[PDB]
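Taking the form solved without the ligand, here's one chain by itself in structure tokens.
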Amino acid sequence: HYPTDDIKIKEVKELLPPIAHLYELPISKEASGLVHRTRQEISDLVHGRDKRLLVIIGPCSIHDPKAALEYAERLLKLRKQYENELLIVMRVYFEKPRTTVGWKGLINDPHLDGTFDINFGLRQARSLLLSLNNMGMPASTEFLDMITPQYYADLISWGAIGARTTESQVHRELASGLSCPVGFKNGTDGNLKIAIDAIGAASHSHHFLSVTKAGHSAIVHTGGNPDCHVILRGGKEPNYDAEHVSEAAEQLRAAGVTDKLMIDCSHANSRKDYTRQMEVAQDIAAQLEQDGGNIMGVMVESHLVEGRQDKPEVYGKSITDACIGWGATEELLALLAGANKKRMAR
């Protein structure tokens, strides 16, 4: 026969199934309680029942777990300190999607050297998330595929579907069966309709393909996710100001979905310049003081150290998108806490 199968495949390696990771790193009672509780709390924010600000804040991507747990220990103090004004949740993204050839994230390539030790990667990803939850810091992440969630979704209190996948039917179907609340980002060029469309789609029951905990191909029948919302992350032009929030909210009401939204201070809203995250946060603060009824959260890309680097030389310094440092982070959260205390008190 002429060959027709796997013509462009170098290798297919079997993967340790989720149950193997679950046996080594079973979720503890206290992590279980933190996740259940934070999921519910976030849901209240999504549907306008509590007026705290959800703050998803942390590195662009995790490239070292030691630095991440160190970051978490500082953030934990602010989480407790601002607990009446803000619901702080740590951003634990293992990979930034990239068009150009480059590092594929911590799950994919934990040794940062192109050896793609994914079993170790997933094991590390789960270990980190259990430790964070065990210390009192809830975690959030981006789900890029339909398989990785079986390894650690049980430890995630909030999920994101990125700008590049919000329109994708299979990612919407995934979101409809995710145990956590989910935010959908507007398209890379500013299209908001696709995120509005996605919350619609994700609240309904769907079927997609994936694997069981034991690692076998299966059909997943989901119940719908009622806790979805939009994230404004800019486009050609930023979309974070009051007028864009207003238009967005009107559109969400017309589609019959939640008009409470998140604003990303990073990415195309900061123009890929980390020193502008603070500008976006200040405008949001202004919005919260005047009115700001439709804002329920913000996203901030933050690290121990500011900026970015191509190689992982410097500890707690991003190797993907540039972040603000810890000093600026304390400044940003004091401000948001300050502004939302006034909103909550009106």
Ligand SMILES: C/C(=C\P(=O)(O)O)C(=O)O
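The term rigid core refers to the most C-alpha atoms you can superpose between the two forms while keeping them within 1.5 Å. Residues that one form lacks are left out of the comparison. Positions refer to the first chain, counted from 1. What changes on going to the form deposited with the ligand bound:
In sequence order, 99 to 102 is the sole run of at least 3 consecutive residues whose Cα positions differ by 2 Å or more between the two forms once the rigid core is superposed.
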Second form
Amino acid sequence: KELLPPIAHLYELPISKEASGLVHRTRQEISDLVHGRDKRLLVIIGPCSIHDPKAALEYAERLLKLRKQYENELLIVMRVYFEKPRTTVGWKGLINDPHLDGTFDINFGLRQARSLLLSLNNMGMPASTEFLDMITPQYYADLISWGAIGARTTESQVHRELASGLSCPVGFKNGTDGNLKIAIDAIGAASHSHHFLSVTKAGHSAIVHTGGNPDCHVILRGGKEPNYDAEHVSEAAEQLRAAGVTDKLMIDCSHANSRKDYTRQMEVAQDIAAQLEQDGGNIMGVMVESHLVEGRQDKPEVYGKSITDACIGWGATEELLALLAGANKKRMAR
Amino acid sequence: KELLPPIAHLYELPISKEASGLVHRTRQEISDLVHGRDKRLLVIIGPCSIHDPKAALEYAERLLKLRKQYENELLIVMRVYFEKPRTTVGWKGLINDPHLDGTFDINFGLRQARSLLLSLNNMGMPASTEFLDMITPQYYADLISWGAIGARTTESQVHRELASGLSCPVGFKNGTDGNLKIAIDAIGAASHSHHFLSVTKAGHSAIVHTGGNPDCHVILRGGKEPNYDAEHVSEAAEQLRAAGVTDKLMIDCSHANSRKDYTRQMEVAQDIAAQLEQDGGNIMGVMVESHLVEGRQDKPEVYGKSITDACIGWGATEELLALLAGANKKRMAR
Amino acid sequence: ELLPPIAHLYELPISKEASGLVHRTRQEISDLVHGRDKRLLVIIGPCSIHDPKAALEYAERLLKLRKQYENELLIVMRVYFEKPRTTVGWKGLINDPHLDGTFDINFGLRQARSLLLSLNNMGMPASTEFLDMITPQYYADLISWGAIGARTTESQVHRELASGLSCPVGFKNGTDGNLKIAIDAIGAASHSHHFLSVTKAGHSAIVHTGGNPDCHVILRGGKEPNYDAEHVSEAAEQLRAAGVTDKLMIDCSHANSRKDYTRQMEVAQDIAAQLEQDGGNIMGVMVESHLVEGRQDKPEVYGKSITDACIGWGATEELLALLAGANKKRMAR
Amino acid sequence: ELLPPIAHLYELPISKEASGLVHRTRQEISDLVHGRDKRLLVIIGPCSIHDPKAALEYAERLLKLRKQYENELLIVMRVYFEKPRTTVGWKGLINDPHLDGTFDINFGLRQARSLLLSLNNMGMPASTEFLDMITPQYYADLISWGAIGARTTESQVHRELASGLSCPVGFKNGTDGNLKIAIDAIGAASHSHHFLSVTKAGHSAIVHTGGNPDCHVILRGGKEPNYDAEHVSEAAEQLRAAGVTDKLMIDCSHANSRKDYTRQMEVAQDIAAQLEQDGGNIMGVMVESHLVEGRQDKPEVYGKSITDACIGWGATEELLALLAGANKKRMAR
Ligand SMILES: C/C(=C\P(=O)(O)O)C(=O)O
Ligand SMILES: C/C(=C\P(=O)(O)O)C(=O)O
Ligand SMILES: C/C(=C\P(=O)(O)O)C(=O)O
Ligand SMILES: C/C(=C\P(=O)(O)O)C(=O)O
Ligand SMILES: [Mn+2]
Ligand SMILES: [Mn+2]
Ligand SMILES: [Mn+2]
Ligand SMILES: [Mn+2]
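Show the other one: the form deposited with the ligand bound, since we just had the form solved without the ligand.
Expanding to the full complex; the earlier chain stays at the top.
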């Protein structure tokens, strides 16, 4: 079917001066955290997946007040995930199937994704996403301040290639059974120049030569056992230094680290707060799955409630952010 | 140099009637093995990587005689791997860097890949490869009788999507630390229809809708420990049946099953031969890394010797194939 | 970077109403071309579009007359986006929409399509000269009738283009008065051709056209004007000799008015007299008309041509009334 | 599907020798166009190429004379791949290379590029009429001189094309004899244009050309022939009035021979007499020549035109010897 090239969307939705400045400055600010120049905590927080732009904008408006309130302690960036990896089969996200009905209206999905990202940046909320697909990034990447390569794709050479040409900092996740070495290896790969095939803004395949991404880091997201605690952070930092890459890392509160209880995210955050208060020198960030309303649902019946992984709700989000701000204020003073 | 689209190569190197027939029949023959309709053993055998077409053709000519000799017991298909996944960085194969000098002459690489595959199929030798890149398959897939998705990419949704649209049977490998469930999950994914972005024969990005691949199976290739033995095969078969997919599987002699020691492939093959002789009902295939000359080398100084993973040499190859043919002859008679 | 036709089609898909109007107008014109209906096709409007707002106001006025005269006249607006220059100069709204030498062709194509969609949606079918080879994929679906210009009628690439258009096409006599090139052009464009063109996705491709069975000639003057009965009669003889339709269109403007917009009425009066006496070979006329008469070098005055001089709105009413009255009589015979 | 230019360029890259010949020939011709050298450019060869074998044999014979006469004549072969028809008919080797209505354009472009590369590699530069808008990207790098035809000289899209070509371009007078269209064409093509075209990758794009400073006119007859001293003198006055080069080319064939190949020699003799008397405004001639004289509808006889009738090889030797002798005298004055 009849795919519009990136230039069609760029024409309708050009990046504004304000969005461009926010992206540029947020990428910079994050690089500073990755390389230990600033001790604020990056907080990648928001829905597991975007399925409704209206709810995402309402969430963003609430989060913006806290982004501002905590700006001396936290760098808050919203989760705006358009692409979802499934264990076998399922809904792959807003771009692949925006109408949530198996119509796969990808032209509409890319348009809606770009539109939402532009609105978010224009209101002052920077955005993050997982880069899963090889061809979709040309459509919206200019609006992304931080990227994840997922646990299921961190070992993949084509994903490492992709990351090597992205202009935002990138977090590589440990593997789904807990293998951290694949993410450490991934920084090594993505930091170098690569030559590979990719698709241009005009929608044509081409040979690209990337310059390498100097702003990669790992993310601890659990495996067979969770890996959030001080012992695990310390072990990861040793391995990072041994490989000659940044020993500043991010901890995902959700997924394998919270296991089967989405409310465990608060426990993980409390453990992280305690680390920050004792020492926590190797922590530069955290990820939290948060929405307007807690939990999850198979069908999009309740407004502001995840249709993918379960999330904490708004009230818990306030507590979690206050907790982390208070703890990091102390780390920063020390 | 701009990227030539698939149609340029197809124009210069159209598939012949003979090649087309060999591919069609070999794919069918393999499907029969995958689904338990024939008890011959698929043997995916040849170099770790192709770096010299002249040596590959000489290898193929030798292997053809054994392909014919053993055709009632074994279905022999050559390893013709053009794309290599690296742990961090390194030579990614003949397509990416055909001159082996960091010039990345991908147009020449794709041409040379297609030319070699056409010559192989024309001489009567079917071909196999790992499908790693998303855009390169349109150049040569029509000449491939069996595909692998690698241990490092089996969990990747974009690779499962790719496999779902391939016209050849596909083997998914267990993960690098030994996780089999990701390959079982991968069959589940790739057997279904997907919608995703891909590039057309004219070199333009497009939305593709695949029909699913009914001929996927798993490959046991070792993890932290090898997984070739009867116990492991039996456990894998139970898990396959539980997931409702084919419980016929393939066993890689090389890689983590030989602990990266080419001299151990024969031991693995002997264990497999013993399984076939005792029962071995769930085995439909094996993989072997084999070349004209054993071992490996960093620079392509010695003719017919691998520059990637170490391989057994031609003499050991004869013993290994005779061993497997004799063992499977007995299984087939039972 | 040039956006492909599909980008514009996505933003501005043809509506059911526009699609029906185009389809039916093309049919109606085919009927005139082949002598099945005796209404007079009237291709009327600005020499060139340079301001969509004025074009929409003009269209709204013309629509009332299109409806009023529908039993005698088939009124279709001139919506010309591409202009052939003698040497160099402004080539039209698509090539340079901001009229300042910035050549914002993406904006120009968008604006052309948008205007054409709005016109068809309001009930006013559109005509244009097809000059460029690649631009038609952007808006052709919204055009009910096309012209191949005097300067391009003899060109094989223009005859190829016409052969694949889904609308009727008028070919003009050459700039010094040669009619045979337009007769030859019908011959060419009526047949199937294979040639290179660009797809809706913006890629070059081999196209195989089916031929255009609805082509006709247009008399637009040469060294001397050619609109009179004698000239029409001579043209019709030549058309029959070549085995093509002997129903033709007469341009009031250009070489036939000797570039004097005040003479278009005189030409129309001559045509009216032909229709009243006999005028069996006439199926249409062209008139260069705008809100305000004359022309100007710079787009200072609203609704006034920046290319060839046009008659104004008041003269347009008189001219259309004149032609409707004359053709009512022809049709009654 | 249509292969983009890059596919053909990959298989048939221009050689160093071909590249040098093209570069130097274009410069040599520019020198003639602007009156810096008094050699006579001779564009000579088949009306159309339909068989590459015969073209290469022709070229080998012509090369000897190219060399022999190099101090008096600059000989460039006619290698025409695109033909304008009066109505319908075979459009040339690119459009239908198998001459059977299969329209194998991919094969045609390949064969065109291959022949041009072989010709340049053997030392014979090439000329062609540029008719089609998309084909030139495939082979233009191998062309030393281009014609815009009589039927397309007035066409703005052809003037745009010429403005971006890297070779000198001759514009022909119109088919009824109008020279002003070609003079106007130089004015147009010498300026910068913006328009749509297709890239080497096969995608449509906006191009901005720099203008072509090496354009000139070609006298090719009209209703009457226009090759004589009086006509040359009158053309030169008009060229100076328009501020463009008053050095022109004279086509021996077409309407100057009244479509009679046996009259090309008479025209050449008239031109020779002009060169001997004065003939200061003449920089070139065109001649339709093949291995064997005449024409045929089907390609039955080897080396005989299937389009316009040509003189044969023997007559070609006489004609070249005549022009060399005459120009040797002009150059000595
Ligand atoms: C799938 C994912 C996280 P991971 O790649 O760690 O499983 C997510 O944020 O939804
Ligand atoms: C890298 C590879 C196999 P695996 O994907 O099991 O590591 C190979 O055949 O070279
Ligand atoms: C240039 C033109 C008409 P023609 O092609 O008869 O000169 C026009 O309608 O503006
Ligand atoms: C068609 C042509 C010349 P002209 O464009 O003067 O009619 C030719 O050389 O074949
Ligand atoms: Mn999640
Ligand atoms: Mn290997
Ligand atoms: Mn006009
Ligand atoms: Mn000719």
